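Mind docking chains B', B'', A, A' and A'' with the ligands on chain B? Use the hints.
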Amino acid sequence: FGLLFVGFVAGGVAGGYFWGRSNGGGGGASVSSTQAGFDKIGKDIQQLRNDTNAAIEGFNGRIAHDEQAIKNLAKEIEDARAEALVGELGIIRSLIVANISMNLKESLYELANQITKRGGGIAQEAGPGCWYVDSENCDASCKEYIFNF
Amino acid sequence: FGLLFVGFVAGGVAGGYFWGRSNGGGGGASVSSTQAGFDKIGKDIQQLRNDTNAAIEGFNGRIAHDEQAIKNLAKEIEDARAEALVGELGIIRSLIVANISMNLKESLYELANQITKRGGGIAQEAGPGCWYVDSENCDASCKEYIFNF
Amino acid sequence: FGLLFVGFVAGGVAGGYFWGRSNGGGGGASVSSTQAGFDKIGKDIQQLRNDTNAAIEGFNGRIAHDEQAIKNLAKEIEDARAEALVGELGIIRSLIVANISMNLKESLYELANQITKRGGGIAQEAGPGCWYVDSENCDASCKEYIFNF
Amino acid sequence: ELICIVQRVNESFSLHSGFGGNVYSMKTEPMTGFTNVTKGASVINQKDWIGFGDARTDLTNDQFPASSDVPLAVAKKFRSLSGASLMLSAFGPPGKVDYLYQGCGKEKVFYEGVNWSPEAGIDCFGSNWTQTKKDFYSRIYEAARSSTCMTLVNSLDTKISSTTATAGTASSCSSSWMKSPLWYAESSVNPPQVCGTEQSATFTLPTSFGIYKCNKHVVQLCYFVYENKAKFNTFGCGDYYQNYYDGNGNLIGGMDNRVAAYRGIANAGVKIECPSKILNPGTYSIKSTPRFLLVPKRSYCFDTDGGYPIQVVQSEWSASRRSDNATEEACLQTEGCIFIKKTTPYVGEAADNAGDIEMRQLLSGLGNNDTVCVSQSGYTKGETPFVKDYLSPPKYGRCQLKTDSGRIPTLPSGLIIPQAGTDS
Amino acid sequence: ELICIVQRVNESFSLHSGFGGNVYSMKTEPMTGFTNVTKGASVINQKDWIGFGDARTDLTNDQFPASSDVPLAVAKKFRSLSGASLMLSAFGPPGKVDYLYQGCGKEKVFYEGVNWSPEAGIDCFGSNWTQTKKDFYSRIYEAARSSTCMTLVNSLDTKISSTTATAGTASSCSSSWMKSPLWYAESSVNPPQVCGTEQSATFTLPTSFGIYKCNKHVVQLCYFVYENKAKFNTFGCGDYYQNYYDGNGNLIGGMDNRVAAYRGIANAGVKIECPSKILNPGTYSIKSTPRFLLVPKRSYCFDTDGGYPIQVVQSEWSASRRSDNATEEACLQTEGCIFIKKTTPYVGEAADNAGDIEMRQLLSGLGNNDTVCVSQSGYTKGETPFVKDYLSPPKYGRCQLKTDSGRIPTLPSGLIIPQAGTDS
Amino acid sequence: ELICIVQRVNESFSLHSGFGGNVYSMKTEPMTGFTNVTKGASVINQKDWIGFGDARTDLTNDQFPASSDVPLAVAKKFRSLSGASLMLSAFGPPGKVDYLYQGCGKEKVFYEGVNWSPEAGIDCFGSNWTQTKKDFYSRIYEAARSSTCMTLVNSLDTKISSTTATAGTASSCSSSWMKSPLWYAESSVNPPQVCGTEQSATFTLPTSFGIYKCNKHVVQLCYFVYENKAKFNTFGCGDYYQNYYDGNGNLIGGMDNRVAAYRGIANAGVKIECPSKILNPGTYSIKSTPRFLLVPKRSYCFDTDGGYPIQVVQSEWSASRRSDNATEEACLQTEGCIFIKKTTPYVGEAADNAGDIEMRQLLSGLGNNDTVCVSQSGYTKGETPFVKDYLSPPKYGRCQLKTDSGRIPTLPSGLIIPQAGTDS
Ligand SMILES: CC(=O)N[C@H]1[C@H]([C@H](O)[C@H](O)COC(C)=O)O[C@@](O[C@@H]2[C@@H](O)[C@H](O)O[C@H](CO)[C@@H]2O)(C(=O)O)C[C@@H]1O
Ligand SMILES: CC(=O)N[C@H]1[C@H]([C@H](O)[C@H](O)COC(C)=O)O[C@@](O[C@@H]2[C@@H](O)[C@H](O)O[C@H](CO)[C@@H]2O)(C(=O)O)C[C@@H]1O
Ligand SMILES: CC(=O)N[C@H]1[C@H]([C@H](O)[C@H](O)COC(C)=O)O[C@@](O[C@@H]2[C@@H](O)[C@H](O)O[C@H](CO)[C@@H]2O)(C(=O)O)C[C@@H]1O
Ligand SMILES: *[C@@H]1O[C@H](CO)[C@@H](O[C@@H]2O[C@H](CO)[C@@H](O)[C@H](O)[C@H]2NC(C)=O)[C@H](O)[C@H]1NC(C)=O
Ligand SMILES: *[C@@H]1O[C@H](CO)[C@@H](O[C@@H]2O[C@H](CO)[C@@H](O)[C@H](O)[C@H]2NC(C)=O)[C@H](O)[C@H]1NC(C)=O
Ligand SMILES: *[C@@H]1O[C@H](CO)[C@@H](O[C@@H]2O[C@H](CO)[C@@H](O)[C@H](O)[C@H]2NC(C)=O)[C@H](O)[C@H]1NC(C)=O
Ligand SMILES: *[C@@H]1O[C@H](CO)[C@@H](O[C@@H]2O[C@H](CO)[C@@H](O)[C@H](O)[C@H]2NC(C)=O)[C@H](O)[C@H]1NC(C)=O
Ligand SMILES: *[C@@H]1O[C@H](CO)[C@@H](O[C@@H]2O[C@H](CO)[C@@H](O)[C@H](O)[C@H]2NC(C)=O)[C@H](O)[C@H]1NC(C)=O
Ligand SMILES: *[C@@H]1O[C@H](CO)[C@@H](O[C@@H]2O[C@H](CO)[C@@H](O)[C@H](O)[C@H]2NC(C)=O)[C@H](O)[C@H]1NC(C)=O
Ligand SMILES: *[C@@H]1O[C@H](CO)[C@@H](O)[C@H](O)[C@H]1NC(C)=O
Ligand SMILES: *[C@@H]1O[C@H](CO)[C@@H](O)[C@H](O)[C@H]1NC(C)=O
Ligand SMILES: *[C@@H]1O[C@H](CO)[C@@H](O)[C@H](O)[C@H]1NC(C)=O
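Protein chains in written order, with PDB author numbering: chain B, 9 to 157; chain B', 9 to 157; chain B'', 9 to 157; chain A, 3 to 193, 197 to 429; chain A', 3 to 193, 197 to 429; chain A'', 3 to 193, 197 to 429. A prime marks a further copy of an entry chain.
Take the hints with a grain of salt, since some may be wrong.
Stretches of chain B'' that chain A covers, calculated by requiring three or more beta carbons in the stretch to come under 8 Å of a beta carbon on chain A [to be verified]: (1) 52-58; (2) 101-108; (3) 118-130.
Just so you know, these hints were derived from the structure itself, not from any lab.
Note that CB positions come from ideal geometry on N, CA and C, so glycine has one too.
Only chain B is shown next, with the shape it has when bound in the complex:
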């Protein structure tokens, strides 16, 4: 339905990114492909995931100095310190997940933008990841050129 929405599918049916088309005869009746050659997305995903190492290394590198002469574990204090560290880690996590989401979404916008400028101005944008093509201007091999499926 176009890059602003994520939909669910039951049973089998692969998840991911697919090409979708709508009308024709009036009224038409849907259609969704079985995924194109979006190797850009796969490559971007790879880069974004590897980029998380920076934030993780920052956390791993930080360990508080301590000195205990006591002979019996102070279990409650030990656990409190861990709980606080886990709390910090949870915030960093929420920051990282959002940082992935926003940068992937942007990378997807950047994919759709290349498509728009490929068939320009044949494309006609209808919100991110959606286009209106007048099946008069464009045959089937032109749409094949513009959307590459």
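Structure of chains B', B'', A, A' and A'' with the ligands alone, referenced to chain B:
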């Protein structure tokens, strides 16, 4: 002026989300309605607000273990610990407010996107929440169909 | 290439924001100006930078109470506390840099949006910061009117 | 025609900043708040605490549960006997109940003491039992604070050197004597011709007692108090002395009048003082004047495996009887001790002195399963990290912090409009 | 025709990462920095501090303000008298000024001591007053560190047993004697036929003095020092002894030559030593050789309600006079004590010894309203949480931390371009 | 025709929340993990640590490196001599090796002690050297814990009062005697006609020794143990006594039988006990029975400039010899002491008792450059802030915290789809 901007109004004049229209005779002279049936926005607001509970419960659930045998309050230490906790709470606050803002803005984009695909490709997007309709293609009952006011 | 992308240039060649144009004779052969009158961007940059003071003052205002009767510096403890504070400062930094980025990007969208509504609907948006103008509808003084270069 | 969704705010809208987007709203709601604080006693861990008490927590009392300040389930966690007190068991005065208090628990509740108050009327040459009481419970609370367990040691190994000396008896002590200290007297010392021989004794503090490890002992190093040496020479030759030594010969207690001034009260007569001291396990020596010898015969055994700050419950009679506040003042001057105090008099349901509505309210927390913090201000649940007023120390657990309500940040509510960029 | 805004960066642009968007820029600016540190004395709370001093902080001095190292408003916060010192008031030597120092303040400034230096030339059989000085101020600083208030106790309740003993006088002490300790002598003890009787005395440390609660007392347990027993037998029979006992008989001070070796300096003659000890309130006993008895007659009363680390200001004369650094070394070896020291000599405006430009600079902070941290390195305001170099302990307040300037993160400035997504 | 990129997820996709955007993914990966813990000894700072040992860390041993439990580079950091031990050097028994241990290091490794075990068969009237051993190392470890440096002081300044007394010799001590304590006897005291005169002595603990500052001294205040006074009167008149006093006369050690009970073992004969005490620098006095005088002649000098918790390495023989675990139990009862223990017997490569494979594994960490934490559980590198199980104290450095693996948050991996807004 279209979803990228927020404007101010004086005296009375209700705040919120409204329908706005521009030209006609050359040169035209503005017009802003008195809010449509954006119950989607009201519902989304409700969901987004309730979704903040997760972050709040995370904070409330975290309380540092302590043990004091001392008989007189260490007021300055007590206050310092509170100040640090309030600091953390302030960062979480700033994260939550932004998380609401971004997800509401996106929900608004998702509202505008449905409108675009309702009168397609009659709509013609002019940035988020704005459209160009040629008052030739569309009567008044078509615009009534597309924008629902 | 339009507001979703940042490109590199070698040797000399000023960096920043410029006007770019594409085809004409089929096939055309590029062209990039030498920056217009985007004083809005310069002004927005100024405002966004000054808006960071709030987050910085919040950090500067927070200093933990301490009391040491000891006569010799506890260097390792001293350094650990600093390291933890620097860690916090690093997270705030990453939040601020992103807050600048997102709000500048939005301010740029708001600049492009004004251009769209200036030549409406002559503009025809092709993703943020990009437009398709049919050099039939628009002379050179109209494009001069719409894009102001 | 250009058709746009338009966003507008009023003077009623205020801007809330975010990292990655701002929000306009008319209403705000606080993000979190204060956790209530309940006065009284409680525990953070129901599986590791122990109570020591008297009739008011004794499930075997004939008038249970009318005579109880706690319900059955809480009473099962107490080691209590009607008529008993730690102090009563420490000395074992004639005719008083003599309960062997013992138990383990990192959290400890002491609800006992009233059974040896001024109302008891115990004499036994006592200079001031209220003073002795305060001093005794001070030592108990200090030792209990760093111990996991506690047990009465009802009989120390003792040995006296004299073969002629015999057990002491006094008209002021029911024509008998304490269980501890033991009293040994030489009948032949008469200030005519006879001065007798200096008396000697040893007592041992064990390294253990039953299943309980002993690292520390609370004992009384008693001595007799005379007002002057002239008054003492009515019984013994030379000045009075009763000195306590460890294994090596280091003086650790007692009263020696060869060097210290007499401080007996005017015409009061002979008095006994019994300061409590915390001593390590080992064998200890005693040197005394020929006629009178006092030897410690009991102790309270503690470990040093650690414990939480303790809770001490006010132990007083109903208005009709004569009480003291010795355990209160013992608690107040002792680190790591939390005192629980009634604001109204003790009015019992069973009889006058057992089964009080207020105390039941204050002790009700001992049966809760959701207490995370215990303090001198009361106890809390784990709702929020904040309280309106300080939780006064001593305290332990997940304890809330005081902050002003104004420093608690808010979140936007009601009609909401997002904002980003400079919009100019 | 396709018309686009195009974003481009140079080699001069560097990428700054963010959580939710990156930024290209050519320039950076540090996000924050270091807070200056000012040498000298100051306070974090103008409403809860107290100063103790001499002429240099005495607003009633005839030459004020020329004779003062602090302005009027700061002088009002001091308890000072020209010619006075804590030590002078402790002993009360003949002809010296005898000020009753007393006050309350969680933060404490001691700017006094110079008025009993070697320049004073006080003899009174003193073995080494500089040593006594260092020892005295050590006890004061330790006790003051954990106390809210301090007061001289100008007269202890005392009682001697002897009826023949009389007040002591010495040619070396202006043909008189100290106020404390008191000196009692038996004229009849002559090593011919007479040995006399062992002398006895008691002194009481009160639980309070005026409005001031006493939990601890600094007192001197003085004794005479002879070089050998032969040298002592010129005055008394047997060895010298002067012993101090608490209520029970535990030896707590003094010099007993029945067991300890003599340490009198060769042919120096009789000397007096006066070590200071911190003692609880109560009644104390004294046993001494028949001819000479020393009894403490004054103390300094402290509470245990707590206080901040104290500040001690260098108290020395101008170059022309003979000074010591006893209060410096007392401070250095005492936990929770912060010493303030000049780098140039003392040159006064009034006369030689009062009104110094450097000291006025160093003490100027005592009048500031914005000091948040006080340390051995100096004091700071609440600008940033960081300092370039460590703030040396002792210290208290909102104290800055040392970090390298390179670890302070930067923010983008100048021409700025946003970046998001992979852009490939 | 409308053509759209469509985003869809399966039941296999789960939603991960973010501040500013959510993520759908099928797989997750933990964000971080646990750091391994290695058993044995190590150091966090290779430039500030010191080892004290015997043959097993002595690079000058004829059989090096076969006789060594550490490689050359680590051995250079040890102060060791074959046959030596701290305790051997403390007393200096006849014919034993007498190494002057001295060094500085904030981190300290004690790998020594086995050379005076029961196998040594040293008598010298020793009541129980294993007990003396445990007591000695306890004092060492306590003092070392707060000191930067340590040095043997191989000779204290001493002076005895007697002119007739002569040096002591015993058939049980190789017809000789210890270096410390020194033994002085009066030949003329015979319980016929002669009782002799009470013996006196002084010993001085210096404020420094060579380049080493002394704030604290570990010394033995020895005394002889008889089983009863009748058994003692075979040698001396009256009861036995050997008392130790500081400069003022305060009893600080020894055995006085005028007040303390005898505790000599039945028919064991004369025994010597040598408890170790931590004493300040100064001059100390001794009073003893006429015939026998014991005087401390050595010490271990420590500062109070501070140090890290120490590491003590198990020092036992191979199975064929008689060992003890005194240094283990000394370490266990001493704050700030970390004990390193083998799980298999000691089997040496050089001979039976030197060069063990397991110990080499356990001591291998002493040569690492990347250890950040040292604990009773072992040592770690700075991989993550977490460990699977607690690091048991004592410990110091950048030490990891225990958390459950389930509380470690995850990150999305594999095929990923972004989500924002309500999508409804
Ligand atoms: C063990 C013993 O001495 N018992 C007798 C006691 C006791 O000796 C005296 O109290 C001594 O007091 C002390 C402890 O110093 O005296 C008894 O008789 C006393 C009598 O001595 C006293 O003159 O008058 C009392 C009467 O009021 C009393 O009868 C006693 O105290 O009961 C007899 C004990 O057998
Ligand atoms: C109280 C008292 O004894 N006063 C006389 C003192 C004093 O007795 C001696 O110092 C004893 O010293 C002590 C404290 O042990 O002596 C006085 O005369 C002395 C004299 O004894 C000494 O031989 O010579 C001195 C002259 O240099 C001096 O005059 C004194 O010290 O003034 C007289 C005191 O009355
Ligand atoms: C210094 C000294 O006294 N040396 C002689 C010792 C010593 O006196 C006794 O042990 C006293 O013991 C103590 C320390 O109290 O005795 C020596 O001979 C002993 C002898 O006294 C004892 O009766 O029998 C022993 C034989 O088993 C032994 O020979 C000694 O111990 O060697 C001689 C010392 O010269
Ligand atoms: C939902 O969709 C996902 C991806 O479209 C499916 O994941 C694939 O599963 C097969 C077999 O388990 C793997 O070999 C593939 O590698 C997976 N996809 C990818 C991209 O790695 C998943 O099986 C689907 N689930 C259901 C229930 O249909
Ligand atoms: C600004 O606009 C807001 C909303 O448009 C107004 O809020 C309404 O106020 C009335 C009366 O106070 C309430 O009954 C409504 O419920 C409010 N709106 C909503 C959506 O709840 C506000 O009164 C306006 N302020 C001014 C000064 O005109
Ligand atoms: C890259 O571009 C930037 C900006 O386009 C150049 O920065 C300018 O440098 C000159 C001389 O150093 C300054 O006077 C200008 O003020 C800078 N620009 C701005 C906007 O302030 C930079 O020199 C370029 N670098 C290269 C290597 O060409
Ligand atoms: C993120 O940046 C924005 C924009 O610079 C900040 O928004 C400003 O917020 C203040 C209130 O704190 C307002 O007075 C300004 O008008 C806002 N500026 C704009 C352009 O709207 C925002 O504060 C920053 N976020 C945080 C958490 O500091
Ligand atoms: C958020 O994610 C982005 C994108 O993955 C990260 O941007 C990378 O930042 C590093 C520098 O730290 C650059 O070398 C990479 O080229 C950047 N990647 C892209 C695609 O631009 C960014 O670091 C993350 N934010 C944080 C705070 O870690
Ligand atoms: C930011 O806000 C979003 C939207 O309100 C939150 O997303 C919700 O996350 C929960 C899981 O925690 C899901 O069950 C909801 O369905 C999500 N809502 C929507 C509309 O997608 C998100 O949790 C918030 N971020 C953080 C870190 O709390
Ligand atoms: C992936 O991250 C690691 C950090 O651990 C970095 O060293 C590596 O260069 C990164 N790879 C890419 C392709 O960015
Ligand atoms: C609202 O949040 C609460 C968390 O307190 C949750 O239990 C509830 O299910 C949420 N409601 C909706 C409709 O999401
Ligand atoms: C810039 O920030 C400062 C905060 O230090 C503020 O006082 C000032 O008003 C701001 N200026 C503008 C134009 O917003």
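Check your understanding: Given as covered by chain A, does the region 52-58 of chain B'' meet the bar of three residues or more with CB within less than 8 Å?
Key -> holds (count 3)
Practice item. Examine the region 118-130 of chain B'': at least three residues should have C-beta closer than 8 Å to a C-beta of chain A. Key: With 4 residues closer than 8 Å to chain A, the region 118-130 of chain B'' meets the three-residue bar; holds.
Exercise for review: Report holds or violated for chain A covering the region 101-108 of chain B'', Cβ cut-off 8 Å, minimum 3 residues.
Suggested key: holds (count 4)
Consistency with the previously given hints is maintained throughout, with no hint failing.
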